[PDB]
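The chain below stands alone and is given as structure tokens, in the form solved without the ligand.
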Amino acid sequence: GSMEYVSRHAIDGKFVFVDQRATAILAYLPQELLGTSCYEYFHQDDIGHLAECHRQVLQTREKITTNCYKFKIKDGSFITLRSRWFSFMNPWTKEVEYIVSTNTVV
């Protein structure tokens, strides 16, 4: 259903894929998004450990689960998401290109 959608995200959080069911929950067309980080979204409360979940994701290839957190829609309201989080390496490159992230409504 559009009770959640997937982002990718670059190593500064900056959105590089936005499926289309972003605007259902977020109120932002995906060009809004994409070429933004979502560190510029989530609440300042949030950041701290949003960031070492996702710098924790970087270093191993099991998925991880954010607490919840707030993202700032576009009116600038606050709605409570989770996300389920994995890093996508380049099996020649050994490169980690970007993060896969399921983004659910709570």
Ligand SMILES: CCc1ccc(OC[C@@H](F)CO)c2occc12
Contents of the next structure:
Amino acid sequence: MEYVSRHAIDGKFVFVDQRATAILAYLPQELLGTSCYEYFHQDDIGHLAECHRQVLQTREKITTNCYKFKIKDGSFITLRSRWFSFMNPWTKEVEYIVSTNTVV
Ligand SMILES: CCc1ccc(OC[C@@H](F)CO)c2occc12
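In place of the form solved without the ligand, output the structure of the form solved in complex with the ligand.
Full complex below, order starting with the chain above.
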């Protein structure tokens, strides 16, 4: 049903939990360090980038629209994600975003 990923503030995968493989067929090392945008269907990039701009400016859960994500075999699956951007309480800077990614 769902898996969790962590992203740098630019959208790069920096952590992928073990549930990702059963869902996307990628092992973690095929995603880590790559840009989330490389996997989006080009019809979804616009609204996903809009959520990107918004999750960086608030601590409230951002929920994406549905969007398509390219899996290892080239096909696309439909996801919906819940994002929380975490701010270092000391430095006051956002160090990563935690994305819970739900199938269809
Ligand atoms: C850096 C904020 C962020 C987190 C997660 C994203 O997508 C997750 C998918 F790649 C997994 O299905 C994002 O997309 C654009 C910005 C973005």
